[PDB]
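Presented below, as structure tokens, is a lone chain in the form deposited without this ligand.
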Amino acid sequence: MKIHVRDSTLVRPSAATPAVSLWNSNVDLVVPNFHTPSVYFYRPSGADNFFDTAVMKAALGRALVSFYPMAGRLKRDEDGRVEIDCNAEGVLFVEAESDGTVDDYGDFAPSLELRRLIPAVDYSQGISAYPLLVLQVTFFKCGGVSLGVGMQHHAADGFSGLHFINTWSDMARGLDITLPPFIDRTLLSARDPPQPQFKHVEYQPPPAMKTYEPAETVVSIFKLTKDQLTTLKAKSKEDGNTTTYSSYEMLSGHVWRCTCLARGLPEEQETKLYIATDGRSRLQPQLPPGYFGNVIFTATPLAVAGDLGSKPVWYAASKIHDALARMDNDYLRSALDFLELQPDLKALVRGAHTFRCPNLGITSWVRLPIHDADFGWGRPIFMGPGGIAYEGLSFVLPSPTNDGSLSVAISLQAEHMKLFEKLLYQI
């Protein structure tokens, strides 16, 4: 596929905004130095102004008035802590055309081909050189469009990112803002003095394999029907168990169990699962609605591969449930204090090393309004991560339709992926 840039421009807020330095909490700092990628695809609606970029950019400028740190730059304070200079220098907006088609992406498995639909960022010129948000509208030969989004993680987590994109699309459709963002991350300050309660399992080194060989990773995506999910949830009754687990818990346990078997892990091999969890739900007092920043904490259940394999899915689901249950306000506040006492927070950012065999990360977007980004020409037919970076990461994506199906997108070694698919459908 050939992609050709027609125009690129910095879009600034359409009205005055505060000229301030925005503090980053410890949760805003334990994030990649990258732009988190996501992509939206849209089919032609028949309209004559399909994804008119003037409509797009005007609505973007309005949205940036309320989300003004999105238009800022990173800088460091005197002590070297990264903060957001809310200088309204603007967001990058790229209009692109492609000699390919939306059909060329098939089932939209989030391979690294999607990265071409998001603007590239040069990280070699220091942290202030690039915008915090980079956007690309690509016009395909077939008439379809992709919106590619690259969001610098210090500014916001997925929840705030979605808040922004859906606000933007509302404004493109002529609406006013539904949920004003709340901008003040000092609500997530550590206690003084920091008083950690635990040696937080989520920042400890994961189990290892004892040998490594090299592995290319493939990315696939698999749909599970409503019927299949219902059947899966009902397996909680297996072996006379009477505790019920949620569909989320049962599916994540199922994926975990399937990954272990697909990878042929030895029976005694330990495995750690990393589950992102939104603290907005648990922190006390309630964070204001529309809180703008990062509030993602990690639940990390542990198991033995042989036990996951030889026991019902609800065994894995129970581990997941317990690991999530313990993350109440006290535990989240503990984690903030734990971070405060770390000497180097970027050392805690998880990479490919974290999610290699035997471990796994599962991110669920099933609860989230990811398809509400209707800019006036319809909801997307697909929304996903813009390329799963490495082996051992998975995303659970709700259907764009109301058929109650979902998709598991996952990155595995190629020899593992085929067994994985077979096991996933043994419901």
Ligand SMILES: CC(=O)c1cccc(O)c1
The other form holds:
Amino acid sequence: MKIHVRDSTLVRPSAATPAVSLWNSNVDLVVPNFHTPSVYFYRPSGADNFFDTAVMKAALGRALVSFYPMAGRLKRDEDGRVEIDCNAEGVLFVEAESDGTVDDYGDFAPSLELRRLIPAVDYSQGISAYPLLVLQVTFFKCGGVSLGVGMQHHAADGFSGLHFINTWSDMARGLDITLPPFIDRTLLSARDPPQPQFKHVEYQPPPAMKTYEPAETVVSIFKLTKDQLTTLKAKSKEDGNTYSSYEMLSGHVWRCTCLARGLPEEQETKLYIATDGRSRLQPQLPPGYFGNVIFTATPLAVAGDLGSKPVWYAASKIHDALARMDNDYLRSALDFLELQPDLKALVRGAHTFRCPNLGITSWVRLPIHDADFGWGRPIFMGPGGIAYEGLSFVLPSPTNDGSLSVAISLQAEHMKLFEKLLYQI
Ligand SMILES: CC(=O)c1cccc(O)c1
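Let's compare: the form deposited without this ligand is above, so bring in the form deposited with this ligand bound.
Starting with the chain above, the whole complex follows.
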């Protein structure tokens, strides 16, 4: 498939916005340096103006008025701390055409082929050289359209990013803003002086694999029916042992991964779980809080135990890790991060999620399919390509059947067994 760009432009806020330097909290600093990829897919609705770029950009400019930090640029203060220069330079909007079809992506497994649907960024010209948000509307050879999104997570996390996209689509349909964004990250300032309370196991080195081959990593996606999810939930009754569907599913995935990887009985495994601090921070963050509030629960386990014990054993560990992440624990994290000499060094990479470990996040809660720009909701949305092994995304169904999908990156030889184990319910 070849893709070629008809036009690219910088879309600025439709009206005047504050000219300020937006301070970043420690959560807003422990982020990747690249743009986080995500992709929306749409089927033709039969409309003559399907995804009219003028309509899209008009609404984009209107949304960037309240979401003005999105149209800003990265800068560093006198101490070298990354902050957001809200200068309204604008976000990048790319219109592109494809000689292929939406069907070419099949089940929309998040392979690196999705990256082509998202504008590339030159990271060699300073952190101030590129927009915080890059957008690509691609028209396929079937009438279908993809919306590719690259968002610098110095701006905000995926939760606020989703808040922006849905607001954009709302305005594209003529709607006014439902939830106005709150823009002040000083609410997540560390205490003075910083008083950490736990050692924070989340930032400790993960279990290793004695060795380490090269690894041919593949990406797949598997649908689980509502009945399959219901059957998995009542497995909490096993061995005379209630955990939620999410806790049980994440435990199920964690367990299946260990068995698929053929982990030794004694091998330790560490699970990384993205959790939203918005729910537990005190006092409650204002609705529409614009920034990063995503933390990580990291339960430890023995591969032999996960396999020989019921799923609720895995779920219990997951539940315990999440339960101890109250306000005090998160407040301690801000203080612990504050004392760290290098925050970027704490950002997790391929090494973190290599065998025997795993990272998981669940997007079912998000209104990820509420991005209706006037021509219908997305037929799919997911991460814009997964680069390395050991990442899993739990995606809800676009339909109302209550099914979900587990997208995941594993070694090629491990992926085949994982599919078998995932459906052993
Ligand atoms: C994005 C994602 O899937 C993930 C999973 C675990 C940890 C983490 O920081 C991120």
